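Peer 1: Residue-level listing of the chains:
Number of protein chains: 2
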Amino acid sequence: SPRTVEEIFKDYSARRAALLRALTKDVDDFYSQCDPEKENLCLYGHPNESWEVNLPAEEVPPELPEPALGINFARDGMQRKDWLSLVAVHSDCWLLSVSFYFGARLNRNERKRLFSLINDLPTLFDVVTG
Amino acid sequence: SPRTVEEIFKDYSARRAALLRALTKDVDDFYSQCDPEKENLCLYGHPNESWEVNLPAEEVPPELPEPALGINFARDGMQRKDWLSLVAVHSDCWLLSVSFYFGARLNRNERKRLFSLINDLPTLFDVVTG
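The listed protein sequences correspond, in order, to chains A and A'. A prime marks a further copy of an entry chain. Read in order, the letters of the first sequence are residues -1, 10 to 138 in the authors' numbering. Read in order, the letters of the second sequence are residues -1, 10 to 138 in the authors' numbering.
Isolated chain A, as found in the complex:
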């Protein structure tokens, strides 16, 4: 549904706001929801700025790009800060993938402008790794 650079970037910013909160202010709650004994889980950010840990979407044909899957399985197999960094990079990549999915019909200069806006804030990886 987002189609202009402005619309796509508003959608990006809202989803990123959700994931930022999951990985910082709410990191303890997000961590606990990523139970290694559950089935495969993903971290989603929604355009209403809510984050969600849930099963992967079951959609045919695939619609939005999907976040990294099974992040819960290896939660305790590495230092907590390394697991958080891995989730952060994958969340950065998901946010970028989603925006350029909505942006499939953008022309070359529009793609450049959209990436410029995305590249105006630190990545989640940058935030989480300090």
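Take these hints with a grain of salt, some might be off.
Stated by the list, open to error - Which chain A' residues stay away from chain A? Per the calculated CB distances, all over 10 Å, these:
#	residue
1	19
2	39
3	58
4	62
5	88
Claimed, not checked - Residues from chain A' that keep clear of chain A, each with C-beta distances beyond 10 Å, as calculated:
#	residue
6	11
7	29
8	34
As the list claims (entries may be wrong) - Each computed DSS-like pair below joins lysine-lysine, with the alpha-carbon atoms no more than 25 Å apart:
#	chain 1	residue 1	chain 2	residue 2
9	A'	33	A'	18
10	A	120	A'	120
11	A'	120	A	18
12	A'	33	A'	46
13	A	33	A	18
14	A	46	A	89
15	A'	33	A'	89
16	A'	89	A'	46
17	A'	18	A	120
Read the hints as simulated data drawn from the structure, not as lab findings. Just so it is clear, CB atoms sit at the ideal spot from N, CA and C, and this is done for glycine as well.
Position chain A' against the provided structure of chain A, taking the given hints into account.
Peer 2: Structure of chain A' alone, referenced to chain A:
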């Protein structure tokens, strides 16, 4: 493993070369391999410029971003050109996601340069939709 802008972009270009071939010169072979009756399939491009239709990777923790899953299931539920366009956009998004996964440690100007190189060729969606 790719770490510099040059390394990441070489990896991107090789993977994209593979997907370009799948969606153009080899489109009939790629289409046939995407059997709607098989289990869920994805279109992968490898850095040796080979494309592959296969089951999704089973990796914990998730390593590379994964391509769109189950593209075979809806192959015949839309016009062939629309299915190809959908695969193309998702392949564009996967290629971008992979590069910025390898590029997690790039600084702001490096991210800008990497996207600029990616944005120097038409997207697969642009190629396929003419």
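Peer 1: Compare the structure with each hint and give your call.
Peer 2: These are the hints, each one checked on the structure:
Even its closest Cβ contact with chain A, about 14 Å, leaves residue 19 (chain A') beyond 10 Å, as expected for a residue assigned away from the interface. Every beta carbon of chain A lies more than 10 Å from that of residue 39 (chain A'), the smallest distance being close to 14 Å; the non-interface claim holds. The beta carbon of residue 58 (chain A') is kept farther than 10 Å from every beta carbon of chain A, the shortest such distance being approximately 22 Å. For residue 62 (chain A'), the condition that its CB be more than 10 Å from all CB atoms of chain A holds, with the nearest at approximately 16 Å.
With a least CB separation of 13 Å from chain A, residue 88 (chain A') remains clear of the 10 Å interface cut-off, as annotated. Remark: the non-interface label on residue 11 (chain A') is consistent with the geometry, its nearest Cβ contact in chain A lying 14 Å away (cut-off 10 Å). Consistency note on residue 29 (chain A'): stated as away from chain A, and its beta-carbon is indeed over 10 Å from all of that chain's, at 20 Å minimum. For residue 34 (chain A'), the shortest C-beta to C-beta distance to chain A comes to about 21 Å, beyond the 10 Å cut-off, and the non-interface label holds.
Between the alpha carbons of residue 33 (chain A') and residue 18 (chain A') the distance comes to roughly 22 Å, so the proposed pair stays at or under 25 Å and holds. With a C-alpha separation of about 9 Å, the suggested pair residue 120 (chain A) and residue 120 (chain A') falls inside the 25 Å cut-off, and the hint holds. At roughly 20 Å between alpha-carbon atoms, residue 120 (chain A') and residue 18 (chain A) fall within 25 Å of each other, so this suggested pair holds. A hinted pair counts as satisfied when its Cα atoms are at most 25 Å apart, and residue 33 (chain A') with residue 46 (chain A') qualifies at roughly 23 Å.
Between residue 33 (chain A) and residue 18 (chain A) the alpha-carbon distance is near 22 Å, which keeps this suggested pair within the 25 Å criterion. For a cut-off of 25 Å, the pair hint linking residue 46 (chain A) to residue 89 (chain A) stands: about 21 Å separates their Cα positions. Taking the CA atoms of residue 33 (chain A') and residue 89 (chain A'), the gap is about 15 Å. The hint holds against a cut of 25 Å. Using a Cα cut-off of 25 Å, the hinted pair residue 89 (chain A') and residue 46 (chain A') holds, with the two alpha carbons roughly 21 Å apart.
The hinted pair formed by residue 18 (chain A') and residue 120 (chain A) meets the criterion: a straight-line CA distance of about 20 Å does not exceed 25 Å.
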